[PDB]
Each structure stands twice: as C-alpha cells, then as structure tokens.
Amino acid sequence: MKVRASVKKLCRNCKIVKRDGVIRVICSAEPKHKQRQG
Amino acid sequence: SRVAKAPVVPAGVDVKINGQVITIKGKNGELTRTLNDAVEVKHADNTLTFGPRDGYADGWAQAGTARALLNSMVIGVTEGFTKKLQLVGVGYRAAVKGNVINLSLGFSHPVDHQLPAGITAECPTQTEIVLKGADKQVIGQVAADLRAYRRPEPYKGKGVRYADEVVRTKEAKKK
Amino acid sequence: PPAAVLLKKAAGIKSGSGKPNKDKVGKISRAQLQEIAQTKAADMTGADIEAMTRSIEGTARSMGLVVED
Amino acid sequence: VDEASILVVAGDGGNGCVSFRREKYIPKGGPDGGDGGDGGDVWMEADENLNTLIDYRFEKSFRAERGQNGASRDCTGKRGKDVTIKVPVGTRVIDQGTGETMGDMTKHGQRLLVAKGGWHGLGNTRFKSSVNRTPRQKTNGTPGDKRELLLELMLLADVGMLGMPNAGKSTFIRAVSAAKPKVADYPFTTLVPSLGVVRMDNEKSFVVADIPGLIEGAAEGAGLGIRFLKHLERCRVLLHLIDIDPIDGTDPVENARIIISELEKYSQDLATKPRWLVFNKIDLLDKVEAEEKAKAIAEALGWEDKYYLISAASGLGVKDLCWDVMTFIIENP
RNA sequence: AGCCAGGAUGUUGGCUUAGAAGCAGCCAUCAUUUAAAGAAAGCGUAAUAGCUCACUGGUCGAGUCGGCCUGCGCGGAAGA
Numbered sequence: 470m471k472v473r474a475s476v477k478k479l480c481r482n483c484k485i486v487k488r489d490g491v492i493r494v495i496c497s498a499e500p501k502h503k504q505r506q507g
Numbered sequence: 020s021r022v023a024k025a026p027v028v029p030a031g032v033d034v035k036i037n038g039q040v041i042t043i044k045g046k047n048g049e050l051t052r053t054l055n056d057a058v059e060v061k062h063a064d065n066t067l068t069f070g071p072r073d074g075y076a077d078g079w080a081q082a083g084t085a086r087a088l089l090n091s092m093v094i095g096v097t098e099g100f101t102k103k104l105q106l107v108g109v110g111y112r113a114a115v116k117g118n119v120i121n122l123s124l125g126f127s128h129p130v131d132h133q134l135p136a137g138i139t140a141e142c143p144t145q146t147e148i149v150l151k152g153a154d155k156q157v158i159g160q161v162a163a164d165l166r167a168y169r170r171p172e173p174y175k176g177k178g179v180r181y182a183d184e185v186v187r188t189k190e191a192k193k194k
Numbered sequence: 014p015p016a017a018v019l020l021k022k023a024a025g026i027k028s029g030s031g032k033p034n035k036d037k038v039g040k041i042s043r044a045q046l047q048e049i050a051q052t053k054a055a056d057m058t059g060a061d062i063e064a065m066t067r068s069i070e071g072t073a074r075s076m077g078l079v080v081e082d
Numbered sequence: 132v133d134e135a136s137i138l139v140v141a142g143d144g145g146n147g148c149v150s151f152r153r154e155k156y157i158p159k160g161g162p163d164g165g166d167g168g169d170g171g172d173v174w175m176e177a178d179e180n181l182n183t184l185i186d187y188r189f190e191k192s193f194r195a196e197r198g199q200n201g202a203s204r205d206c207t208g209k210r211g212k213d214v215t216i217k218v219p220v221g222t223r224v225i226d227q228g229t230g231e232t233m234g235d236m237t238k239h240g241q242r243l244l245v246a247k248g249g250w251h252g253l254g255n256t257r258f259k260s261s262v263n264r265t266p267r268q269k270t271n272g273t274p275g276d277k278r279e280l281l282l283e284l285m286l287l288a289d290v291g292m293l294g295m296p297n298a299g300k301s302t303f304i305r306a307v308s309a310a311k312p313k314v315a316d317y318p319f320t321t322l323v324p325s326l327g328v329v330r331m332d333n334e335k336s337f338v339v340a341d342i343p344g345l346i347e348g349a350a351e352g353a354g355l356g357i358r359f360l361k362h363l364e365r366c367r368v369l370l371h372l373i374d375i376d377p378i379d380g381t382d383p384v385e386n387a388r389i390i391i392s393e394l395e396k397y398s399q400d401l402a403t404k405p406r407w408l409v410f411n412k413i414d415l416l417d418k419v420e421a422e423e424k425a426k427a428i429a430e431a432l433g434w435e436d437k438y439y440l441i442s443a444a445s446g447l448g449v450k451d452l453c454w455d456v457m458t459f460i461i462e463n464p
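Protein chains in written order, with our numbering: chain V, 470 to 507; chain Y, 20 to 194; chain G, 14 to 82; chain R, 132 to 464.
A couple of the hints might just be wrong.
Quick list of the computed label-pair ranges, beta carbon to beta carbon [stated by the list, open to error]:
| hint | chain 1 | residue 1 | chain 2 | residue 2 | range |
| --- | --- | --- | --- | --- | --- |
| 1 | R | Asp235 | Y | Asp183 | 49 to 59 Å |
| 2 | V | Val491 | R | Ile185 | 25 to 35 Å |
| 3 | Y | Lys194 | R | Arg194 | 23 to 33 Å |
| 4 | V | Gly490 | R | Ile185 | 25 to 35 Å |
| 5 | Y | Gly38 | R | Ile185 | 58 to 68 Å |
| 6 | R | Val419 | V | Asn482 | 54 to 64 Å |
| 7 | R | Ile185 | V | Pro500 | 17 to 27 Å |
| 8 | R | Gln227 | Y | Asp183 | 49 to 59 Å |
| 9 | G | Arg74 | R | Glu435 | 55 to 65 Å |
| 10 | R | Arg153 | V | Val491 | 42 to 52 Å |
| 11 | R | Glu435 | G | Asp56 | 54 to 64 Å |
| 12 | G | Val79 | R | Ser392 | 41 to 51 Å |
| 13 | G | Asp56 | V | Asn482 | 37 to 47 Å |
Residues on chain Y that point at chain R, a partial pick, calculated with CB under 8 Å [stated by the list, open to error]:
| hint | residue |
| --- | --- |
| 14 | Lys192 |
| 15 | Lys193 |
| 16 | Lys194 |
Source of the hints: derived by calculation from the structure; they are not laboratory data.
Even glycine gets a Cβ: it sits at the ideal position worked out from N, Cα and C.
Could you build all of it, start to finish, from the sequences and the hints given here?
Quick look at the structure:
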C-alpha cells in the first residue's frame, strides 16, 4: 500500500477492486502491487 | 442477468415462505434461513422466483443473490462444498481428537478449536482433515476461522490453508 | 530428421542468415524438397501430397533458403 | 553478477539567522542564533546473511541531511549524519577517489570509515567584520558528502564455482554442508544468482556461490547462456571442479590441465593468488584417494591455490581444510 | 458471461546461444488438417519445452460489445 491520488491498473495482474473510498489493485498473481486510496 | 430473473426444487426440499426470509425445510438439513432486503418471494417450490419487492433497483442485486442462496440451501441440505481443510507442512499437529484438533509451530499453549455440527470431521492424518458439508455460508465462515489460526507462509508454503488450495511457494527468494 | 534440418543438409549450409528470408545463405532444389516432403508426408496429418510440399517449402523459405529447382 | 559503485551523501550546512530580537518594550534587535547543519561520513559494514533483498530494491543510491536555522526563540540548528552501507554477503573496499583499495576483506563484522564533513551554512557572523548588521539570513553554502565508493562482493557472492560439463556443484556443497543453500540477491545490473551454504564446522557458516540460475559450468560455454556466462566469469575467486574419481568423461588429468591453463591464459596472477581448486565427486570416493590427487594437483601448481575439498568423506584434517579454503577466499586482495 | 473441445500437424522455423527454435536480443511469423487448431498473447522457461490462452468448431440458446457526446452525484481531503 502507498499514498496515491491516481488509480489505473498496472498490469493485468492488477484488476481494480473497489472497497468504496479506497481502491486497491491486488490481484492473485501479484498482490505485490497494492494501492490505498483512490 | 439470466439468473436474477431466470429460475427446480424436488419434493425432498420444501419451503416456508416469508417476505425475504427464505426458510427451507427438507432432509439432511432443514430449518435453514437466509434473508435479503429487496426481494419478493414468489412461491413455486420448483425454484422460487425473485425480484424487487415494490420496485427497487437493488432488487435484482438481491434477486440473483436470493436465487443462488435458495440454491445454496438446496445444496446445503445435501451437503455443501467444505469437506476438507488441509495444511501444508509436517511436524505440526492437525488430527481430530473429539471436537478439538491441535496445531503447533512449537506452540507453548495448545492451539485448537471445537466443532459444531455441519462441519464434523475425522482423519487419520496430521496433514489432511476431512470435514463435513452443510449450509454453504455456515461451513464457509467456520472453514475460514480454522485456517486463520495460521495463515499460509510462502517461503516453503507451510501454514494451514483453507478448504481450497490457497498455498503457493510464493517465496521472497530467500532461505 | 526434420524438414528444417533436411533442407539445410541438402543445401549444404548448417547455419542460417543473420536475418532469414531478408537474407539467404543457400538455395534448395525442388527435387530435394519434394522427396523430403514425401518422407515428412508420413509425419504429417495431411490429406494429400501437395499439403506436404507446401509445408516443407514454407520451412525452406523462412530459414533463408531459396526454393527453386 | 555485477559489482557496484555507490554514491553516498551525508549531512550538510546550516541556514543563518533570519532573526530580530523581539521586545514589546524595545522595537527590533539583531540576529541571535544562526545556521544549523553539518554531516557525517560514509562507513561500511560486512555481513554473513542476506536474507532481506535490499539490492533488488534499489532506488538510485545513498542520500543524507541538509541543515537548519532556528529563530524562535533565538536559535541555531543541529547536525546531519553518517550513512552506512550494507551488501548481501561481504565486500572488499575500494574508492574510485583513491583509485585503489583501502581495507582488504570480505571478512564480516569489519567496518571501515571513509571520512569527511565540515559543511557549513552562511550565518550572519560570516559577513561581519564588526560593522555589519545582517539580521536576516536563511542561507547555506556547502553540499553534503560526495564520494564514489567501489564495492565488489568478490562475487558471484564471494566465490564463484566455474565447472565444466561434468560438474555437479550444488549436490557436493550439500553433502559437505549441513547448511542449506539460499537463492541470493545482490546489487546487480544483471540477473541475481544461486547461493549454496557451506559448513565451516566451527559454529560459523560460510556460503559458496554457484553458476547463474541453474548450473552449466562456465567452460561449457553458457552460465545459463552467453549473457549469464558473462555474469559468471566476473568473480575474483574462480573454482575448478573436476571429478577426481577415475571418471570425469574428459579424464581428470586432462581436465585439470585444460581448466588450469585456461585460467592461467586469462591471468596467471589468478592462478598464483588465493583462487582455489575444489575437488569434487567424492560422493563416489571415500577421500583417501581423492585427497591424494587433490593435494598432488594443488602442489603441482607450484603456487598458492592449493586444494579445496567439497563432498564429504574421511577426517584427514579435511573439515579443517574446507574451512581453510573458505577463509583464504575471505581474506581478499 | 460461462461450459465441452480441437487443442493436431511440417514444427520445438532459423540466426545468436550448448540449448535462445510463438513469448531475452536479432529475423523469419510460412504452410497443412477439419465443422474446428495462431510458427502460437501472457505466465513460465537463458530460450524452447510446459501451463493457460486471444485462434476456432460444438454447447447452454437470444439479443449483445465497445466508442462518441451529456445531466447530477463520488473518491482526492491532515492540527492544537
């Protein structure tokens, strides 16, 4: 997780999950990539 | 959709209508209930039909759900998905000892948890555990709690995994 | 023996170009090619003799070998 | 494999006083307090493990402190600091600035200071010649430390095993070691090699490093490929596997001459230094015969680069010797 | 959307490289089989292999997939 005011999927091993006001980009292959907010 | 407006239910399973409680009754499991908040129950007893109670736009969110939940009750009283709960790694207890199991990492306290019905087990092994089905939700929520007492650790992948396979040797490249 | 192999052996060069087909190193005769296509006919799941001929010609052309009697 | 050169920066100079003395009674004073900062230097630490990848991290090098000022309530400001650098698994230190090597090691828990500071801000007193009034300053000179250091592991991690297409390096290291092999990671501008841990039977353990990714032996011509083969040849210590069994497929006498000659050809100095020969496939030998041959080849070299033994057997002072080759590799040029 | 597959065959095309042969770099990227099957996307592998898959038939069986402009909302959002 990191502080980022831009959401867009990085690889297809990021998928965009919306938990309201925080939007993560964890995927099965790579939950390495992760965001906090959005 | 083609599932929130697209519906059978044999004779072994029967239903006790309420406004968005679907109470099922049947065999091998009965008296099962799960609620929504925006579906009318239409009776049919041949897969009951669903959609908005009064007109809502969250009522097909609830219709496809209520659909599958009904169907999950059907499968539930014919035993659901949880039927195992393995764990990768050796030298760690994981047999069934009555209602309690045990688990180790070299733990200086027993690690165990009792069994309610609907998830009863017994194995002859300390690696595999053979559980029982029941209502799909119920078994799944207790199934999670089991594995949660030592989630996977991935450098060799050891750590008590779920009913499904959720391990991967997703190491940090180090030993 | 592959078609790929067999046409390089018949053309007498064992190496390819640095850029195959945009550069050629040797050439391979349709007489060789027809017969290799017959041996490799067997190894094909083809329905006819022509089928094999095209498949083996296609292997020559891409390894930087000309296809010409 | 890669070798690296770090740029390390320490703290830096102040920023002089913006100050006036404030009174309700008396209108405005001068500056009290002043500048701030200064900054420490570069040091080095040497370590057995790694065992947290901070070299597959890398961000783009070593940064540190800018100075201070203060003003509320008549203030100066503090100092900057020293930066210290960690590697995966030992380093031998050189500095591009000296152009040469300082300390010689890959001896762990050995630290060395490459020392400078004396960075200062521009204060009100600097301008002064006992006439000046400069109440307002907020200003800095100086840049914090700059030096290019040069680190080399001694590589692939400290020692690089360079077989031949008869090799079997990992299996033998596991036989001779009750220690596990790790996958190591290093500060490489290339892929990051396979690490194998060696027992030094002293209640310390040392690691030996083998071919990029899966092994192939450098002599075969691939390290995992030409690219890898280029990563692999770089190690300062190179190791020569033979199968000192009656079998080697390319016979042991011949093999030993060809590997030893190629290393000589490349640099005679490498043969004459603490670069090793390691006798292997003694998982097919009891090591009394192996030991003799290991020892004859070694002595016949006519210089330092004698014999290492890998793959366990006997107790002819052999455990001591295994530990000794590793010690010799550690002591470094 | 999903599901069954074919998933073949010259073939795993070659240079480079021991192996880089759809998928490091460099270039080919042709052709066959059938109602269908790409010298093959990614993962994975030095690279292939494999693994799955845009490729394409069958299946469930009817509407469905993305652009363009637009109303009004949302996240972004820390102080004694």
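These are the hints, each one checked on the structure:
Separation of R:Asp235 from Y:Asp183 is about 55 Å and conforms to the stated range, judged on CB atoms against 49 to 59 Å. Checked against the hint of 25 to 35 Å, the C-beta distance between V:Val491 and R:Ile185 comes to roughly 28 Å, which is consistent with it. A beta carbon spacing of about 31 Å between Y:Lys194 and R:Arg194 agrees with the range 23 to 33 Å that was offered as a hint. For V:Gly490 paired with R:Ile185, a C-beta distance near 33 Å keeps the hint of 25 to 35 Å intact.
Taking 58 to 68 Å as the suggested C-beta distance range, the pair Y:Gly38 and R:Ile185 conforms, at roughly 60 Å. For the pair R:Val419 and V:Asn482, the beta carbons lie near 56 Å from each other, so the given range of 54 to 64 Å is met. The hinted window of 17 to 27 Å between R:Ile185 and V:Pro500 holds, with their beta carbons roughly 21 Å apart. Judged by the Cβ atoms, the range 49 to 59 Å given for R:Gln227 and Y:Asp183 holds: they are separated by roughly 55 Å.
With their beta carbons about 60 Å apart, G:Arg74 and R:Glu435 fall inside the hinted range of 55 to 65 Å. Remark: the range hint 42 to 52 Å for R:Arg153 to V:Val491 is upheld by a beta-carbon distance near 47 Å. Between R:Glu435 and G:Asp56 the beta carbon distance is about 59 Å. The supplied range of 54 to 64 Å therefore holds. A beta carbon spacing of about 45 Å between G:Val79 and R:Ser392 agrees with the range 41 to 51 Å that was offered as a hint.
The hinted window of 37 to 47 Å between G:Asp56 and V:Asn482 holds, with their beta carbons roughly 39 Å apart. A hinted interface residue such as Y:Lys192 counts as satisfied when its beta carbon comes closer than 8 Å to some beta carbon of chain R; here the least separation is about 5 Å, so the hint holds. A distance limit of 8 Å between C-beta atoms decides the matter here; for Y:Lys193 the minimum to chain R is near 6 Å, and the interface restraint holds. Interface restraint check: Y:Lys194 against chain R, minimum CB-CB distance 4 Å, threshold 8 Å, status holds.
Going down the numbered hints, you'll see the structure goes against none, and every one checks out.
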